[PDB]
Structure formats: C-alpha cells, structure tokens
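From just these sequences and the hints, can you work out the full model?
Protein chains: 2
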Amino acid sequence: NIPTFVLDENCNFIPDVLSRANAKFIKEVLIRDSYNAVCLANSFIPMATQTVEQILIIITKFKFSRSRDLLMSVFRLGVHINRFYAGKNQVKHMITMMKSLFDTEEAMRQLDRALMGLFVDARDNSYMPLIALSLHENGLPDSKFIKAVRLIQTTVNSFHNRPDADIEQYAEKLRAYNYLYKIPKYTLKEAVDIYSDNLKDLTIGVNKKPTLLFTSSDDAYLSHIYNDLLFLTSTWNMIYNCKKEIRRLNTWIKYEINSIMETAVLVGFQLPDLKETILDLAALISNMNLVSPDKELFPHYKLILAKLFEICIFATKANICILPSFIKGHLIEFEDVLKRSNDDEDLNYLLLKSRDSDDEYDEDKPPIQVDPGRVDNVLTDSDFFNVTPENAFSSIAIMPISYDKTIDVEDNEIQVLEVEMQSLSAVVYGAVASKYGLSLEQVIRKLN
Amino acid sequence: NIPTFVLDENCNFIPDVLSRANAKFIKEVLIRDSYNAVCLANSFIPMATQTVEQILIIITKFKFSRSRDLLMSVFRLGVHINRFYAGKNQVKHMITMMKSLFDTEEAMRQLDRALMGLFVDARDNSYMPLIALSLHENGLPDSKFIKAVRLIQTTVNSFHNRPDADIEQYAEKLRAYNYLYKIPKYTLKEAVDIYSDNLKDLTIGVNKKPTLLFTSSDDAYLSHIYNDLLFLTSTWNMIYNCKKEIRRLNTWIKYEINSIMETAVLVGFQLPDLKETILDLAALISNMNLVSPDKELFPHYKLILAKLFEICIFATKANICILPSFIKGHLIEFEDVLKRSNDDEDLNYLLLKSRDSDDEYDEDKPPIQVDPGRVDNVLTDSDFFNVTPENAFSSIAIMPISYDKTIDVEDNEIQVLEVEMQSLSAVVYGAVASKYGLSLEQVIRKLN
Numbered sequence: 008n009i010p011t012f013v014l015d016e017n018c019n020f021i022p023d024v025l026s027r028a029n030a031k032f033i034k035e036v037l038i039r040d041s042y043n044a045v046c047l048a049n050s051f052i053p054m055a056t057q058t059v060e061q062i063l064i065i066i067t068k069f070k071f072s073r074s075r076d077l078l079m080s081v082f083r084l085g086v087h088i089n090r091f092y093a094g095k096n097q098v099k100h101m102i103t104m105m106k107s108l109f110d111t112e113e114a115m116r117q118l119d120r121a122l123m124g125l126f127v128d129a130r131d132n133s134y135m136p137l138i139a140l141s142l143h144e145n146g147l148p149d150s151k152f153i154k155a156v157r158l159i160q161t162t163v164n165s166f167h168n169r170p171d172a173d174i175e176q177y178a179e180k181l182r183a184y185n186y187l188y189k190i191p192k193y194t195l196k197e198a199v200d201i202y203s204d205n206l207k208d209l210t211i212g213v214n215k216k217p218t219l220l221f222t223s224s225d226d227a228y229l230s231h232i233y234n235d236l237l238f239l240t241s242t243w244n245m246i247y248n249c250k251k252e253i254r255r256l257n258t259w260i261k262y263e264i265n266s267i268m269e270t271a272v273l274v275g276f277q278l279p280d281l282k283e284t285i286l287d288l289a290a291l292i293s294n295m296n297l298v299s300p301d302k303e304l305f306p307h308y309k310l311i312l313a314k315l316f317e318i319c320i321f322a323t324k325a326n327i328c329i330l331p332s333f334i335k336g337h338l339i340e341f342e343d344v345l346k347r348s349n350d351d352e353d354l355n356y357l358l359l360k361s362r363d364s365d366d367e368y369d370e371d372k373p374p375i376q377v378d379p380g381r382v383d384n385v386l387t388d389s390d391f392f393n394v395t396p397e398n399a400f401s402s403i404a405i406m407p408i409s410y411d412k413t414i415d416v417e418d419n420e421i422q423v424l425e426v427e428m429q430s431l432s433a434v435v436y437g438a439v440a441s442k443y444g445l446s447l448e449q450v451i452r453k454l455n
Numbered sequence: 008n009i010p011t012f013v014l015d016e017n018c019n020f021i022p023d024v025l026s027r028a029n030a031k032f033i034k035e036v037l038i039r040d041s042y043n044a045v046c047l048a049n050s051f052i053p054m055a056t057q058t059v060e061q062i063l064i065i066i067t068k069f070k071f072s073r074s075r076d077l078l079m080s081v082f083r084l085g086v087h088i089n090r091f092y093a094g095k096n097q098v099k100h101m102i103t104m105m106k107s108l109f110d111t112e113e114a115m116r117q118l119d120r121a122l123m124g125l126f127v128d129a130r131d132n133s134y135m136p137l138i139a140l141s142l143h144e145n146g147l148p149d150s151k152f153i154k155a156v157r158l159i160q161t162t163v164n165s166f167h168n169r170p171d172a173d174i175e176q177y178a179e180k181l182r183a184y185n186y187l188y189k190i191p192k193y194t195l196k197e198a199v200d201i202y203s204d205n206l207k208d209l210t211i212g213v214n215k216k217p218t219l220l221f222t223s224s225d226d227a228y229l230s231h232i233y234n235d236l237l238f239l240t241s242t243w244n245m246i247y248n249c250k251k252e253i254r255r256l257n258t259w260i261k262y263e264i265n266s267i268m269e270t271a272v273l274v275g276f277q278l279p280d281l282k283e284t285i286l287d288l289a290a291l292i293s294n295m296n297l298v299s300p301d302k303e304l305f306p307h308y309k310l311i312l313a314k315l316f317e318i319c320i321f322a323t324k325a326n327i328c329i330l331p332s333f334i335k336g337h338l339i340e341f342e343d344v345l346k347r348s349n350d351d352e353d354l355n356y357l358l359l360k361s362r363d364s365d366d367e368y369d370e371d372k373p374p375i376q377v378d379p380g381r382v383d384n385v386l387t388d389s390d391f392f393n394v395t396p397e398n399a400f401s402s403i404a405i406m407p408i409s410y411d412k413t414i415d416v417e418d419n420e421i422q423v424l425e426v427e428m429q430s431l432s433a434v435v436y437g438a439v440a441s442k443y444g445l446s447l448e449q450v451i452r453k454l455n
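Chains as they are written, first to last, in the entry's author numbering: chain B, 8 to 455; chain A, 8 to 455.
Note that identical chains are pooled: a pair holds if it fits in a single copy or bridges any two copies.
Derived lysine to any residue pairs resembling SDA-like cross-links, with alpha carbons at most 25 Å apart: (1) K70 - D40; (2) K309 - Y410; (3) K412 - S299; (4) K360 - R254; (5) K196 - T222; (6) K372 - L447; (7) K207 - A172; (8) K282 - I414; (9) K189 - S389; (10) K372 - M104; (11) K192 - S389; (12) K346 - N257; (13) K453 - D350; (14) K99 - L142; (15) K68 - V13; (16) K302 - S409; (17) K282 - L297; (18) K196 - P217; (19) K34 - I211; (20) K95 - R254; (21) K302 - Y262; (22) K346 - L297; (23) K207 - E16; (24) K372 - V156; (25) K189 - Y443.
Since the hints were made in silico from the structure, they are not lab data.
Below, the structure is given as structure tokens:
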C-alpha cells in the first residue's frame with residue numbers, strides 16, 4: 008500500500024527533529040514492513056491523527072523484541088513530534104501560497120467578477136460571507152465548508168453542466184499526496200488535472216502559485232469557475248484541518264511525554280546505570296511543564312526525544328528484557344508481601360536467599376522464589392537487571408509510583424483505593440545485594 | 008518461526024479459559040503472521056514470561072487497526088491468563104509423573120544403589136542433599152541445580168567417559184517441546200532419545216511414566232546413571248521454574264487487570280453505549296480485589312477476560328478510532344482550558360460552536376476547533392465517538408482519572424504534581440450536544 012515517493016533514508020524524520028544516528032537506529036531495529044509503514048506515517052502527506060495511527064505499525068526484528076515495549080512508545084512519540092514540527096512549517100507555506108492567489112486588488116476584482124457570473128441566479132448574497140470572505144486559514148471549518156459546497160452546487164442550473172464521464176474515479180488521484188483533503192464533486196478532468204498538480208505542489212512545498220482554470224483562459228467560463236471554487240473551498244478546508252490536527256498532535260505529545268517519565272523510571276529499575284540520564288530527562292520535562300500556556304514547546308520536544316533515544320539505545324545494547332508493566336506489577340507484589348509480613352521477618356529475609364539455602368532440601372520448605380511468604384524479586388534474574396560496579400551503590404532515580412485499585416461501584420461511579428508504594432528502592436538494593444553476594448545492610452551502608 | 012504442532016484453530020486457548028467465539032474473533036482481526044505468533048506464545052510449550060513476550064506480537068489486519076490499542080492490551084492479558092491456567096494444570100501433572108519414578112521402596116533402593124555406584128569416589132556425601140533428597144518440586148532452584156550438575160560432572164573420573172559423536176548439537180532437540188528446560192551436557196545419544204520422549208510427554212500430558220536408561224538396560228552401567236542424573240536434575244529444575252513463572256504471570260495479571268479498568272472507562276467516553284458493560288467490569292474487578300490472599304483468582308480472571316472481550320467486539324463493530332492515550336490527553340487539555348476560562352465562559356461556550364458561527368468569516372476570530380481559548384472536543388468527530396439515542400442522556404461510567412506532571416528534581420528524587428480531573432463528564436455531554444444539535448444545557452437537564 009506504500010507509495011514509492013514517501014521512501015526515505017531517514018524514515019522521513021526532519022534533521023531538526025531527530026539526529027541521523029537516531030534515524031539509523033530506527034532502521035536497525037524494525038522489520039522492513041514496519042519501517043516502510045513508519046516512513047508513510049511520518050511522511051509529508053497531510054493526514055488526520057487517527058490515520059497516522061492506523062498506518063503506524065511498529066514491529067521490531069526478533070533481536071530487539073526484548074525491548075519492544077519501550078521502543079514502541081518512544082518511536083510513536085517521535086513520529087508525533089515529527090509530524091507536529093513538519094506540519095507547522097508545511098501549513099505555513101500552504102497558507103502563503105493560497106493567500107497569494109488574491110492578495111492584489113486586481114486579482115480580487117477578477118474573483119468578484121467570476122462569483123457574479125456563477126451566482127447570477129442566486130437567491131441572496133450569501134456567497135460573499137460563505138465563500139468570498141472565507142478564503143483564508145480560519146475561513147472554512149467542516150461545518151461551514153459543507154454549506155459553502157452546497158451553495159456552489161446550486162449554481163448548476165445557471166450553466167450547462169455536462170460532467171465528464173467517470174470524473175469521480177478520475178478525481179480520486181487528488182488524495183495521492185493528501186489524506187486530509189476532502190474531494191468535492193468536480194465535473195471536468197481538465198480541472199482535476201490542474202488541482203492534482205496544485206495539491207502535490209502544496210504538500211511538497213513547491214514555490215509556485217496554484218493554477219486556476221478561470222484565470223488561465225476565457226473558455227467555458229462558468230463551468231471553470233464552478234470547479235475552481237470547489238478547489239478553493241476544499242483546499243482551504245484542508246488547510247484549516249491541518250491546523251486542527253497540529254493542535255491535536257500537540258495535545259497528545261504533552262501527555263505522552265509526561266506519562267513516559269514513569270516508564271523511564273521503571274526502566275531505570277532494570278538498568279540503574281541510566282540514573283543520570285533519567286534525572287536529566289526529568290529536568291527536561293520539568294522545564295517543558297514550566298512554560299507559559301501560550302508558548303511553542305518544540306525546543307523541549309526536540310531535547311526530550313533525543314534523551315529518550317539515549318535510553319532506548321542503552322536499553323537495547325544491554326540486551327535485557329525491558330517490560331515496565333511487568334516490573335510495576337512486581338513492585339506492587341513486593342509492597343503487598345511487605346505489608347502482610349511478620350515481625351521475625353525483615354527485608355533481608357523477604358528479598359534474599361538465605362546463605363545456606365542450597366543445603367536445604369525439605370519439600371515443606373519452599374525456596375524463596377516460590378515461597379508466598381517471601382518475595383520473588385525478578386530483578387535478581389539476569390534477564391531483567393544489570394548494573395556496572397561503578398553504579399551499583401548509587402541511589403536510584405525515583406518518582407512517586409502508585410496505582411488505583413478498583414474496589415466498588417456506586418451507581419455510575421467506580422470507587423478505587425490508591426496504593427502508594429514507598430519502599431520501592433529496596434527491590435533494586437536487593438538486586439544489587441544478590442548480584443554481589445552482600446546483605447541489604449551492606450548495600451545500604453553505601454552512604455557516600 | 009513456528010512449530011507445526013502448535014498451530015491451532017482456537018489459538019491454543021483452553022476452552023475453560025476463553026470461549027470458542029472469542030478465539031474466533033482473535034483469528035478474525037489478526038494478520039496470519041501475528042495469529043501464528045500468538046499460537047506459539049500461547050502454546051503448551053513451557054517458557055519464561057520474557058520468552059512469551061518476545062514471541063507475542065499482536066498485529067491487526069488493516070481493517071481492524073482502528074482499535075489496535077485496545078485489542079493489544081486485552082489479547083496480551085488473555086494469553087497471560089491462559090498460560091497461567093494451562094501452566095498450573097500442566098506442572099501438576101509433570102510433578103505426578105516425575106514423582107512416580109521413585110515412589111516405592113524398591114525403586115528407591117535401586118536409585119540409592121545407582122547413586123553409590125556413580126559416586127563411589129566422591130570426596131563427601133554432598134550428593135545426598137544436592138541430588139538424592141532434592142528430586143521433588145521444591146528441590147532444585149537454579150542456584151542448587153548449578154551445584155548439582157557440577158557435582159555429577161566430577162564423576163567422570165570413575166568411569167570410561169567417551170561421549171557420543173555430535174551429542175551436544177544432537178541434544179539441542181530437547182528444547183523442542185520445552186523452552187524453559189536447561190539442556191545439560193549429556194554424553195549418550197541413546198540417553199538423549201529417551202529424554203526427548205520424556206520431555207515431549209511431560210509437555211503434552213501423556214499418562215505414561217518417564218523412562219530412565221539405567222532402569223531399562225544392563226549394558227555399560229555407570230555412564231547410564233550419569234546421563235540419568237543429569238536428566239532428573241534438569242527436569243526437576245525445569246518443574247521448579249514452571250512454578251516460579253506461574254507466580255510471575257499471576258503477579259502480572261493482577262496489575263494488568265487493575266490498570267485496564269481505566270482503559271475501559273476511556274473507551275466508554277468514546278462509546279457510551281458500553282456504560283453498563285463497563286460498570287459490570289468494575290464490579291468483577293472489585294470482587295477479584297476483595298479475595299483474601301492468597302486464594303486462586305482464576306474464576307475471576309475467566310469472567311473478567313470474557314467481559315473485556317465484550318468491550319473489544321463492540322468497539323471493533325463500532326468501527327471508530329479507539330485511542331485511550333489520545334482521549335486522555337484531550338481530557339487533560341479540556342481541564343486546563345476549563346481552568347484558564349473566566350466566568351463569562353461557561354462549558355457551553357468552551358465545548359460547542361456558537362449557533363451562528365458559520366456566518367462568521369473574520370480571520371482574526373478563530374473558529375472553535377483552533378481557538379486556544381476554547382476546547383477542540385475530539386468527541387464531536389464521528390471517527391472518535393458514537394452513541395445510540397437510547398443512551399444519549401445516560402451519565403457515563405466514571406472513575407477517578409489523574410496524571411502525574413513532572414515539575415522538579417532534587418538529587419535522585421523527581422517531584423510531581425498530581426492533577427485529578429473533575430468535570431470530565433462534560434466532554435461526553437458536549438459530544439452528545441454536538442451530535443444531536445443541542446446546547447450543553449439541553450443535554451445536562453435530561454440527565455438523572
């Protein structure tokens with residue numbers, strides 16, 4: 008389904024948005040079909056946010072399937088940010104090009120004359136505010152676009168409308184370079200050919216004013232203006248919806264960025280070497296949230312995405328299984344076991360194999376991993392945890408981690424219990440203790 | 008790459024876990040490569056949780072990509088629940104089979120005799136705690152298993168060890184029906200063939216006592232015991248880890264189920280006809296959470312999985328774009344706009360275009376969708392929302408919805424601001440109002 012003209016060596020990431028190195032990382036980790044889908048979803052073609060999501064399928068090669076959960080979130084975010092940035096620059100140029108059609112009195116009077124010609128039998132003068140005065144970036148939201156097109160369509164009894172056979176199928180090419188564009192009911196293939204070039208030009212950002220039929224000749228006057236107005240209104244509606252979709256991307260991005268902070272902290276539980284990277288990430292997101300409501304956030308997006316790719320690359324090279332949901336589930340279990348634990352039971356007993364465990368063979372004495380009275384710390388498993396000796400005894404990056412537990416329903420309101428987890432660091436300390444054969448007290452004693 | 012024996016028409020879901028209609032739904036919405044991967048990930052082959060995840064890729068046919076976000080979470084959960092159930096039943100049988108090898112006094116004396124023979128030159132009696140007394144379901148965790156195999160390996164100085172040709176690559180087939188099994192350094196291909204059969208039977212659940220080479224032959228005795236002890240210890244280590252992984256799945260499932268409640272609520276924003284289904288889901292999850300620890304939760308898992316599939320099937324039939332992350336992002340933006348608004352700006356003003364908005368054409372008066380002073384309510388878009396007239400004036404299923412906003416860092420500690428969102432219901436009544444040509448006031452007055 009992928010058009011060859013959206014193929015790109017950098018997966019269509021703008022240099023200002025993502026580094027060459029990071030763009031290469033994406034090609035390294037995805038299977039061919041997924042890479043091609045990302046190319047299309049990240050391409051110059053205007054599309055609604057839901058269309059981006061349908062196309063965007065992120066599938067890693069088998070090698071990197073261990074860190075899919077992380078890579079998917081980050082890559083998705085990157086596509087959103089890229090479309091946001093690219094989109095803004097694109098619609099700006101579209102506005103400049105479409106505005107230039109009638110930015111002189113002579114061009115406006117030409118349009119005035121054409122409108123007068125087509126609307127010669129009009130019931131009233133509604134074509135002025137609905138069409139004539141709405142050919143700008145705020146002029147034609149969906150609701151007003153529908154009315155404008157219906158009004159144009161009433162003028163078919165003022166000229167001999169003889170649509171080309173199969174013009175509907177013929178005009179389908181007008182979405183080749185633009186999936187946001189709503190194709191109106193054109194009548195002339197001659198007109199559609201011109202609008203095809205116009206729309207392609209608008210997407211590419213070609214420095215060439217749009218062509219209209221009624222300003223290229225004098226022939227078949229009214230049918231030419233009829234099709235031209237359909238083009239003008241649909242294209243301005245498309246431009247309006249570009250601005251709307253850019254707003255929708257911006258809104259999503261801010262939430263994706265705030266929510267991924269917990270993801271990064273959870274990754275840092277599996278790979279504590281990332282501590283400084285994660286804290287740097289937190290500072291970047293803090294600075295982003297500090298900004299006044301009116302301002303442009305892209306510079307923050309750029310830095311944040313870069314920092315997120317640092318985390319992905321490291322996590323991928325570590326070759327452990329990055330499963331933030333699995334880790335959080337086990338942090339919850341740890342707190343629950345701790346909460347129900349007895350008083351001849353400290354964290355050392357709960358988190359760590361006893362030193363002479365391998366001397367125990369009694370079946371009624373479950374070893375620690377299957378003992379419901381102790382903790383199966385998945386971070387003692389080499390597939391879920393690694394740290395260098397240099398960072399083994401540093402504090403971890405931490406933020407408040409909680410989850411809401413559904414406990415009742417009152418009519419339409421679901422009741423929950425917030426479970427705040429405040430002893431999380433212990434499982435990481437327990438992982439270090441296990442790796443290096445120490446007690447918890449010994450590990451903690453690394454106050455430094 | 009998928010083994011032939013794991014291909015299945017119900018995606019290897021146990022009937023008691025998932026209905027045949029729901030298994031068919033899975034087959035309907037996934038592409039073939041994804042369906043086959045799910046078949047393997049959901050198969051009787053013992054695997055570590057991380058191995059399951061590496062294999063489990065959920066890819067929808069393009070027709071269903073609109074709801075991929077929901078389907079991915081529910082199907083993943085389903086596989087986890089299935090593996091938990093199947094796994095518990097399977098390891099119980101494995102234990103019964105392996106236990107039956109030495110459950111009579113005559114069988115025990117034969118083993119003791121075998122043991123003394125092989126360990127004739129042992130330098131202590133550690134073969135008793137490490138091996139003889141650890142042939143049970145709690146006997147051989149990884150740390151002990153390593154020591155046990157190392158001890159067995161020392162006995163090659165007590166017999167003529169001439170390992171078969173090409174045995175270590177030949178033994179590779181012992182993981183065909185078991186990916187959790189650790190393959191030890193066997194020496195005899197006659198041994199490996201017996202163990203291949205044993206392991207295949209164990210995974211399938213064949214009511215047939217395993218075979219040992221030293222109790223089935225006479226020839227070259229000591230090398231037979233040597234291989235048999237490697238089989239016994241590795242198989243019991245595998246059984247122990249089965250128990251461990253079952254516990255890991257159970258831990259993960261509880262968190263997936265609690266977290267998906269919010270996902271379901273968000274889907275209900277887009278599809279309020281699901282309100283009663285969502286409130287029933289909350290009651291099921293509440294019941295599950297009520298259960299004292301640690302009882303068997305599968306009856307609850309079963310019901311909850313079936314209720315989630317109801318949500319999936321309805322959302323998919325609806326053919327709208329189900330993006331909980333996107334929706335939550337826009338709930339957050341609505342809150343912010345609401346907070347920034349003044350007393351001249353009521354919800355009706357913030358959420359709905361004015362009556363005569365399509366008469367307005369001034370460029371310097373941005374229409375509602377691109378006006379930063381008002382809300383672009385994505386639920387007025389037919390791609391994101393639908394409801395039947397019968398449910399248009401029912402209140403939505405609601406739960407507390409919050410997000411942590413990262414605002415500062417000090418040392419290793421990340422500081423956040425909890426943002427709890429009130430008035431979320433208004434975006435739905437705003438969608439209803441827009442859908443049916445009503446004011447917000449006209450909607451809210453009709454609510455109970």
